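**Q** Once you've looked at the hints, dock chains D', A and A' with the ligands against the given chain D.
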Amino acid sequence: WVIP
Amino acid sequence: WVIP
Amino acid sequence: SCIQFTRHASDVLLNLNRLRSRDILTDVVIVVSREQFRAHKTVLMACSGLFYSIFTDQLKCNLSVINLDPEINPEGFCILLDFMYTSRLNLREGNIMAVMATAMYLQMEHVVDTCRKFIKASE
Amino acid sequence: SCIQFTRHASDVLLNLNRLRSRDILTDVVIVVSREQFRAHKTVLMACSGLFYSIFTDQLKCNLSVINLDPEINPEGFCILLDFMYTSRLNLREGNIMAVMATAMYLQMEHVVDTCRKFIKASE
Ligand SMILES: CSc1ncc(Cl)c(Nc2ccc3c(c2)CC(=O)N3)n1
Ligand SMILES: CSc1ncc(Cl)c(Nc2ccc3c(c2)CC(=O)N3)n1
Ligand SMILES: [Cl-]
Ligand SMILES: [Cl-]
Ligand SMILES: [Cl-]
Ligand SMILES: [Cl-]
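Protein chains in written order, with the entry's author numbering: chain D, 1 to 4; chain D', 1 to 4; chain A, 7 to 129; chain A', 7 to 129. A prime marks a further copy of an entry chain.
So here's chain D without its partners, still in its complex pose:
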């Protein structure tokens, strides 16, 4: 999971 990432900060888009």
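The hints are simulated quantities; they were obtained by calculation from the structure and are not laboratory data. We treat Cβ as the ideally placed atom computed from N, Cα and C, and that holds for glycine. Hints should not be assumed to be uniformly reliable.
[Said to hold, decoys possible] Going by beta-carbon spacing under 7 Å, a handful of chain A positions derived as facing chain A':
# : residue
1 : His14
2 : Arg94
3 : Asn96
[As the list claims (entries may be wrong)] Residues of chain A clear of chain D', computed beta-carbon distances all greater than 12 Å:
# : residue
4 : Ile36
5 : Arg40
6 : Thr62
7 : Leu69
8 : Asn73
**A** For chains D', A and A' with the ligands alone, kept in the frame of chain D given last:
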């Protein structure tokens, strides 16, 4: 396009 | 000896979401506490262990309407349906418990994992 | 304020290809010089400008069989159908002309671009  | 186009999977999903937003070739209604959500059976199966089991069943594969368990929160379902079509999860303090419970019911293992991690950080 | 799961689009496409390989929920047959290819209308539309135009047409959207132009090579189509479901293109010296012509007909702009570039390098 890339070499997978 | 194949070549691979990096953005192809993302571009496919973006187009599938455009079809969903215009209600093109949607073949099922998911009913959650009277709220209705139109979707593509194939996308639902590709994202969820529960929908995969439902639509591979010889009788259920032909149903145009699927009613979820009454304990399922419509907002939790809506957030997860958006994630299925975009890879983006709108996880907030006020919805994390409903999102985790819906993801456990839908069998969306990666969503369950991130919810567990975010809850553990707050304790 | 969303979070994003990097591998989600790729995982969705992988599952859509697993459904194709088991012939689950395929809703159309594409006929190419008597050869037949089963697929999902939504995936075809998501990858191809030609299929997008066909299945948004009020009459054609309901067809279970689509016959392509007789000039279309079945091997070129098969390579492109594999690309649609995997992001991998099996481009070879012996098939590049048939793959480019089929991609131009199917309106798959990124495939047309890589074929043009590979052909230009060989001259
Ligand atoms: C297992 S083979 C397979 N073949 C095709 C499909 Cl459409 C599919 N979907 C599916 C099954 C289980 C799970 C998911 C999707 C997401 C998750 O967390 N668990 N699985
Ligand atoms: C343009 S809006 C839109 N909405 C939904 C879909 Cl399913 C779609 N597909 C599509 C259209 C044109 C092209 C492709 C896909 C690949 C390509 O090279 N050209 N387009
Ligand atoms: Cl029904
Ligand atoms: Cl998931
Ligand atoms: Cl027909
Ligand atoms: Cl393309």
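**Q** Are the hints correct? Go through all of them and say.
**A** Going down the list of hints, with the structure as the test:
no., hint, verdict
1, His14, "holds, 4 Å"
2, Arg94, "holds, 4 Å"
3, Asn96, "holds, 5 Å"
4, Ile36, "holds, 35 Å"
5, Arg40, "holds, 46 Å"
6, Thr62, "holds, 29 Å"
7, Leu69, "holds, 38 Å"
8, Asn73, "holds, 42 Å"
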